[PDB]
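Enquirer: The chain contents come next:
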Amino acid sequence: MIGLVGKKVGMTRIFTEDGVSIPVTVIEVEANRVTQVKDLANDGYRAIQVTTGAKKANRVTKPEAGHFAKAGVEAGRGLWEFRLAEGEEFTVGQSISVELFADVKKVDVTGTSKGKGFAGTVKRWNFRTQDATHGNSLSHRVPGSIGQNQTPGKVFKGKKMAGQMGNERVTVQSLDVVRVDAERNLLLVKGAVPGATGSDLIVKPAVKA
Amino acid sequence: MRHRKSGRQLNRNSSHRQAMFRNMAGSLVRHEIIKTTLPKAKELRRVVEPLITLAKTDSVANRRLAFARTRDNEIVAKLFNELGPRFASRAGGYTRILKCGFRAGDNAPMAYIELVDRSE
Amino acid sequence: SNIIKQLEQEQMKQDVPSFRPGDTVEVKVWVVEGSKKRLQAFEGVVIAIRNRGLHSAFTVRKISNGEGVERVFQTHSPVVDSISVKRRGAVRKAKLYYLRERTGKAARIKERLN
Amino acid sequence: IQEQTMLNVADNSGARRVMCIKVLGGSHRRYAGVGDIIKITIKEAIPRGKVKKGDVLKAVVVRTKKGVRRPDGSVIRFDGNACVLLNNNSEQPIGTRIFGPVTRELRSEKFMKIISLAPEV
Amino acid sequence: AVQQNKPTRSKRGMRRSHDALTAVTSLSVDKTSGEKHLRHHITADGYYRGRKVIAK
RNA sequence: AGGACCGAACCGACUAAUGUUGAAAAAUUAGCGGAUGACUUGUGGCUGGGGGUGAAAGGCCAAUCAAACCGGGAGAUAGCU
RNA sequence: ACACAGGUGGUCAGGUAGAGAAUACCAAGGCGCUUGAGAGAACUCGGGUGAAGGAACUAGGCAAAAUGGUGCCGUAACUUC
RNA sequence: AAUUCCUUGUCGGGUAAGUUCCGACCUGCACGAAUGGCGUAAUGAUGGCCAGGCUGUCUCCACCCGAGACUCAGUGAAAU
RNA sequence: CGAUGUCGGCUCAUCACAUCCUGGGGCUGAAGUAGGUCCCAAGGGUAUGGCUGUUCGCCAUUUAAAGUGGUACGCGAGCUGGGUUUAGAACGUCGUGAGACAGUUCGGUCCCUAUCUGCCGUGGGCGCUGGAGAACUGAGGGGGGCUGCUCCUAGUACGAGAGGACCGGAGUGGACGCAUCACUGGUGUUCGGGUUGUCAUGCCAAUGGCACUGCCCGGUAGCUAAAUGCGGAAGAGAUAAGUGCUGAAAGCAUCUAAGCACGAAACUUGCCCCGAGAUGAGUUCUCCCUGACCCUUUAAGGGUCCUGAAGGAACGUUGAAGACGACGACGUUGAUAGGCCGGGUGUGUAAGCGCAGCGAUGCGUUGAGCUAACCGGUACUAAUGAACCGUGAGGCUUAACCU
Numbered sequence: 001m002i003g004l005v006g007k008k009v010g011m012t013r014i015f016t017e018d019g020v021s022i023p024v025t026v027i028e029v030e031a032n033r034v035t036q037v038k039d040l041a042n043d044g045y046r047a048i049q050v051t052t053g054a055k056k057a058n059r060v061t062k063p064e065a066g067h068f069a070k071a072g073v074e075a076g077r078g079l080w081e082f083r084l085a086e087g088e089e090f091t092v093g094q095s096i097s098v099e100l101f102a103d104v105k106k107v108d109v110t111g112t113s114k115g116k117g118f119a120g121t122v123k124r125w126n127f128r129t130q131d132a133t134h135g136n137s138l139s140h141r142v143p144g145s146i147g148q149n150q151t152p153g154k155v156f157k158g159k160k161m162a163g164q165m166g167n168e169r170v171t172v173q174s175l176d177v178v179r180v181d182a183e184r185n186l187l188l189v190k191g192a193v194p195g196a197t198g199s200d201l202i203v204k205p206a207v208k209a
Numbered sequence: 001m002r003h004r005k006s007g008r009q010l011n012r013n014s015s016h017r018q019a020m021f022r023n024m025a026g027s028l029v030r031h032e033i034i035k036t037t038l039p040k041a042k043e044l045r046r047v048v049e050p051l052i053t054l055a056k057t058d059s060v061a062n063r064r065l066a067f068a069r070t071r072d073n074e075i076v077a078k079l080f081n082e083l084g085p086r087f088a089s090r091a092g093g094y095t096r097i098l099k100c101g102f103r104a105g106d107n108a109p110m111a112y113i114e115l116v117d118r119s120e
Numbered sequence: 002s003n004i005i006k007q008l009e010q011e012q013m014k015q016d017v018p019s020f021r022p023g024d025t026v027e028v029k030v031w032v033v034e035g036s037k038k039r040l041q042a043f044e045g046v047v048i049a050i051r052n053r054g055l056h057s058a059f060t061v062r063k064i065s066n067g068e069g070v071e072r073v074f075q076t077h078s079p080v081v082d083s084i085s086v087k088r089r090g091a092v093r094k095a096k097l098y099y100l101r102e103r104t105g106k107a108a109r110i111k112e113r114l115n
Numbered sequence: 002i003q004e005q006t007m008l009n010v011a012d013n014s015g016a017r018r019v020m021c022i023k024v025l026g027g028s029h030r031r032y033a034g035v036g037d038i039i040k041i042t043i044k045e046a047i048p049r050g051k052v053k054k055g056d057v058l059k060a061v062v063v064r065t066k067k068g069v070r071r072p073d074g075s076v077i078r079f080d081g082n083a084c085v086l087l088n089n090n091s092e093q094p095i096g097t098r099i100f101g102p103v104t105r106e107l108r109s110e111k112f113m114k115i116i117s118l119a120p121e122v
Numbered sequence: 002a003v004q005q006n007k008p009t010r011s012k013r014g015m016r017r018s019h020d021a022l023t024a025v026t027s028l029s030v031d032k033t034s035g036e037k038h039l040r041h042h043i044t045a046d047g048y049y050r051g052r053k054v055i056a057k
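Chains as they are written, first to last, in full-length UniProt numbering: chain A, 1 to 209; chain B, 1 to 120; chain C, 2 to 115; chain D, 2 to 122; chain E, 2 to 57.
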């Protein structure tokens with residue numbers, strides 16, 4: 001089915017009667033307002049652009065204002081597109097969004113992962129540090145060999161070396177949907193979704209399930 | 001890494017940072033306007049403003065706490081006598097930072113940090 | 002935020018007793034071995050922490066037979082059913098790790114509104 | 002628990018200090034301490050115990066300082082690391098009587114005898 | 002460490018292509034006194050946005 | 001009394017780390033060994049190069065030593081580059 | 001070679017704690033070591049603290065960690081007593 | 001054996017596992033009596049081994065504090 | 001040889017298939033279980049220790065297995081120096097001796113600030129044809145591709161028994177990768193307390209400086225693993241070995257020659273990420289700019305004034321973003337940081353006073369007082385309105401449409 005956009009508002013535990021302490025991530029999946037639907041004639045793909053949240057309309061640009069003005073002038077924080085296989089959706093917004101996530105049992109969550117800076121090799125990959133004390137002149141966490149002498153004479157394109165980690169899209173699949181609360185627009189999903197609290201999130205029904 | 005972390009090191013150890021901000025708070029209380037570098041003024045807000053917030057209520061325990069965090073009895077007397085009533089109505093924001101130009105010896109962002117109800 | 006922890010306030014148990022660290026408490030924990038469910042008593046000196054919301058816990062140490070067993074108990078968990086305060090201990094710290102690790106160390110009882 | 006770990010013995014026939022020479026089960030398994038079976042040498046033994054010094058046989062860890070985590074988040078930590086000695090081929094308890102606390106995590110297969118003999122579960 | 006061949010004057014200029022200074026491109030004008038100042042800075046005769054704030 | 005012990009000044013230099021275009025043409029920092037003796041130190045003096053001096057290492061003789069440094073034979077010679 | 005982390009003989013020796021010329025803090029006296037301002041990546045250096053296990057590390061317990069004082073008891077093999 | 005090539009000699013020990021160690025055997029390639037032989041308390045910044053304790057040596061690293069590294073202003077080299 | 005560092009180990013790899021495991025088969029002297037041999041198959045995986053310097057080797061114990069080779073017997077401007085490969089010493093042997101040993105033994109200096117290619121990250125400039133603000137298509141590229149144990153079927157098939165199913169399901173783990181910080185922990189020199197020595201604030205009292213944060217005991221945020229979540233799939237297509245159907249050349253025969261069908265962890269997709277500089281520079285939506293003059297060497301072009309738009313950039317407060325750029329929020333129509341208010345937390349009953357005591361000290365006010373980066377609020381402070389850049393209707397060839 002079509003996914004929805006929510007804002008991550010934190011991690012808690014839910015305590016069942018047996019006492020299993022399910023780690024829930026609550027997501028504020030507010031009502032998603034369609035801004036565009038694409039027909040097969042105009043574009044090759046059939047999809048809905050959706051917006052959520054509020055934007056003040058001081059910071060709304062007039063191109064975005066005209067795009068908002070078509071299909072009902074309500075500014076949101078962003079536009080995200082979900083491709084549809086079969087189901088037809090209007091250009092106006094749906095009233096409640098988590099009602100479609102009521103039936104689904106496992107979900108996939110996409111988010112920008114937290115920025116980890118210029119991570120080293122030991123952090124970025126799981127490199128094993130060399131021995132601390134016996135000798136080891138100034139080479140404790142440095143990358144060791146990166147290539148294999150004259151015959152390659154170069155280091156390959158896929159080489160595991162230090163760089164920026166985080167600030168990247170990562171999807172976690174097959175997360176159990178613990179609770180759907182329509183009134184607060186809240187979706188409680190088992191486990192840990194990517195990103196910091198307050199970051200944007202893409203919630204989709206499970207491709208695996 | 002630095003996530004949700006307060007505190008500016010300013011390339012000095014914790015004892016020097018504490019001593020430096022004690023002396024800077026004493027100078028700011030004494031003259032009511034000082035010129036510092038801009039991050040120094042910005043953390044000077046964080047040391048100086050709770051002193052006046054403590055100094056709103058005058059008691060022997062509060063004067064002793066202000067003496068603990070300043071070690072200058074003249075500054076304690078000024079905080080609990082001259083200032084304090086002046087900033088009693090003010091709900092925070094006793095400090096105003098006005099950015100000046102750049103220092104001569106090192107190109108450092110310079111600022112004047114001042115008390116808001118300055119007599120001058 | 003406020004949208005979170007209203008759910009915590011929904012799940013927090015309202016029957017939690019009040020005890021200082023040092024008190025020798027008894028916790029009755031449900032155990033579901035099969036269809037049958039039975040309460041189990043765990044009594045020992047408290048090394049706890051103040052209520053962090055739904056996420057609250059107590060550590061209790063008992064010498065069962067030659068072995069010092071420490072159990073951390075989730076306060077608002079449904080498995081924790083009843084905590085009885087029993088003996089009250091007067092001690093000058095919140096965390097009693099050093100006092101509990103010593104063998105033959107017995108905390109005093111003081112009843113002076115404390 | 003880990004390799005080169007000394008453990009006490011709960012059962013009577015197993016004697017005194019024992020050392021984990023191998024963490025059985027797994028290709029590169031580093032640490033195993035809840036209901037896992039570990040290969041054991043006897044580093045020091047009393048003569049009343051049936052087993053003797055320098056003898057290799059299996060064991061099951063019953064008490065761990067790291068402790069088990071219960072489903073609700075409860076952590077039962079037992080002071081001391083303890084094992085119950087088991088035969089190499091049979092994995093059955095040599096000791097007739099188990100001493101000290103045991104956990105409900107050791108409720109599977111041959112460890113039912115261990116929790117049956119041991120007093121506090 | 003060392004180079005095997007001398008880098009060229011061309012490659013020197015290409016490296017210094019991105020080493021160039023940036024102009025101010027705007028100066029705010031204070032209402033009370035006509036002097037131009039760096040934006041959010043004191044006017045160097047003692048004025049901020051509309052008022053005299055330092056004696057010097 | 002002690003070529004006694006522990007240990008500062010003092011004298012030396014056992015391991016490691018940093019340095020290695022260094023702060024330094026052998027140092028710094030943690031630990032180390034002797035420290036009433038065959039100790040250490042100041043000030044002068046004596047021994048001169050196939051010579052000295054050596055609790056002996058081809059050690060030392062001015063950051064130079066299986067033979068110092070300076071000038072001379074000397075533009076030695078070089079079937080080699 | 002330097003406004004160089006080295007080397008340089010003697011003399012005086014305050015308080016408190018301390019056996020002490022150790023060391024800690026202070027007197028008197030002298031200084032902050034002639035580049036500074038930020039930010040708080042990897043990595044490097046010098047440190048601090050570590051769950052559980054504890055020499056499995058490694059060529060080797062290298063390094064680190066521990067023990068450490070004064071008083072009273074008590075103390076083995078061997079021995080040139 | 002500071003010596004034995006074969007050799008990690010053979011046994012017994014210490015470990016789960018011991019070319020090291022310790023103690024015997026003699027089959028001394030190629031010990032042997034001031035070119036000293038055999039022992040020896042004490043002593044050793046000596047060589048080899050085994051324990052107790054202790055710990056980031058390790059499993060497997062994690063966080064923190066300072067000096068650099070990054071940026072900004074000033075001066076401003078090197079090998080090739 | 002006017003110099004190409006030598007074994008091993010550590011860290012990090014990549015390729016081949018003469019395949020160790022996992023997959024598919026054929027033959028078996030394959031009843032089952034378990035094997036042997038051969039073919040196809042490189043996607044993933046492929047131990048820890050003792051001895052010794054070791055590659056080796058011997059052993060102890062794992063595992064599904066602990067492959068074989070190439071890569072200067074990979075890898076010293078990555079690390080080590082046990083090894084060899086120096087100068088000291090000693091022993092055995094040879095030589096009269098200096099000395100020697102394809103003998104032994106103890107000891108014995110391993111330097112580089114990265115120009116270029118190469119990678120790993122991250123930017124600037126211009127292009128994509130009027131300028132913008134968005135959302136995407138997917139040409140290509142990368143990541144991921146492992147497996148054990150138990151139970152059902154079933155003690156069934158198979159079997160004289162002993163034993164015991166290459167199908168098909170279910171759980172549960174190991175190693176690996178990714179995210180996260182709700183829990184359990186660690187850290188937490190930026191919180192609280194105890195305490196030794198000394199000095200200071202006149203003194204008592206209360207505090208502060210210094211001694212590794214003086215030593216400690218605890219600890220919020222943040223980060224993190226040892227904590228918890230999640231995943232490597234099922235499919236789909238084309239196939240390899242292989243098994244076939246129909247079927248002649250070769251009235252029989254035959255898996256092949258025309259045809260037809262299955263057949264693998266390999267291939268292509270399916271899962272995730274990048275991605276139009278994809279110069280082949282793509283698509284969709286929206287906003288914005290429609291004034292003159294002079295010269296004029298006409299895809300033509302210049303100069304001048306007027307007007308500068310959509311938007312961007314600069315500046316400032318900043319961020320769970322960051323080496324710097326970059327990116328994200330907010331800028332008085334304002335909650336973007338600091339402060340303030342209330343809470344939460346953490347530490348553990350502050351100072352002061354009174355009481356008991358000879359005093360140390362205790363008890364009461366008192367779960368007090370302090371409290372961090374946290375939560376909810378609040379314009380008290382700083383986020384000033386300018387200004388800057390960006391234009392004025394967008395080139396030539398074949399279409400409806402009406403002139």
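There may be inaccurate statements among the hints.
[To be verified] Using 35 Å as the maximum straight-line C-alpha spacing, the simulated DSBU-like pairs for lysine-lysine come out as follows: (1) C:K6 / A:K114; (2) C:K6 / A:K208; (3) C:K14 / D:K111; (4) D:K67 / C:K94; (5) D:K67 / A:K116; (6) D:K67 / C:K63; (7) B:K40 / E:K37; (8) E:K12 / A:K160; (9) A:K190 / B:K42; (10) B:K40 / A:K114; (11) B:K35 / A:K123; (12) B:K56 / A:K204; (13) C:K37 / D:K53; (14) A:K55 / C:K6; (15) C:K63 / D:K40; (16) E:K57 / B:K40; (17) B:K35 / E:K32; (18) A:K154 / A:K7; (19) C:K29 / C:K94; (20) C:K6 / D:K111; (21) A:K106 / C:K14; (22) E:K57 / B:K35; (23) C:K6 / D:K67; (24) E:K53 / B:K56; (25) A:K154 / E:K12; (26) D:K66 / C:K94; (27) C:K111 / D:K40; (28) A:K123 / D:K40; (29) B:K5 / A:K7.
Because the hints were derived from the structure by calculation, they are not lab data.
Enquirer: Is it true that the CA of D:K67 sits at most 35 Å from the CA of C:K94?
Expert: holds, 25 Å
Enquirer: For the pair we were handed, B:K40 and E:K37, check the Cα-Cα distance against 35 Å.
Expert: The hint holds at about 27 Å.
Enquirer: Holds or violated: are the alpha carbons of A:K106 and C:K14 at most 35 Å from each other?
Expert: holds, 30 Å
Enquirer: For the pair supplied as a hint, D:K67 and C:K63, is the alpha-carbon distance within the 35 Å limit?
Expert: holds, 17 Å
Enquirer: Between the alpha carbons of E:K57 and B:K35, is the straight-line distance 35 Å or under?
Expert: Judged against 35 Å, a Cα distance of about 12 Å means the pair holds.
Enquirer: Do the alpha carbons of D:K67 and A:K116 lie within 35 Å of each other, as the hint requires?
Expert: holds, 30 Å
Enquirer: Take a quick look at whether B:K56 and A:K204 sit within 35 Å of each other, Cα to Cα.
Expert: violated, 55 Å
Enquirer: Could you grab the alpha-carbon distance between A:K123 and D:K40 and see if it respects the 35 Å cut-off?
Expert: holds, 34 Å
Enquirer: Is the Cα-Cα distance between D:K66 and C:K94 35 Å or less?
Expert: Roughly 24 Å between the alpha carbons, so the hint for D:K66 and C:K94 holds.
Enquirer: When you check the alpha-carbon spacing of E:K53 and B:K56, does it fall within 35 Å?
Expert: holds, 29 Å
Enquirer: Run the distance test for B:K35 versus A:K123: straight-line Cα separation, threshold 35 Å.
Expert: Roughly 43 Å between the alpha carbons, so the hint for B:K35 and A:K123 is violated.
Enquirer: Hey, E:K12 versus A:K160, does the alpha-carbon distance stay inside 35 Å?
Expert: holds, 30 Å
The structure shown violates the earlier hints numbered 3, 9, 11, 12, 13, 18, 20, 27.
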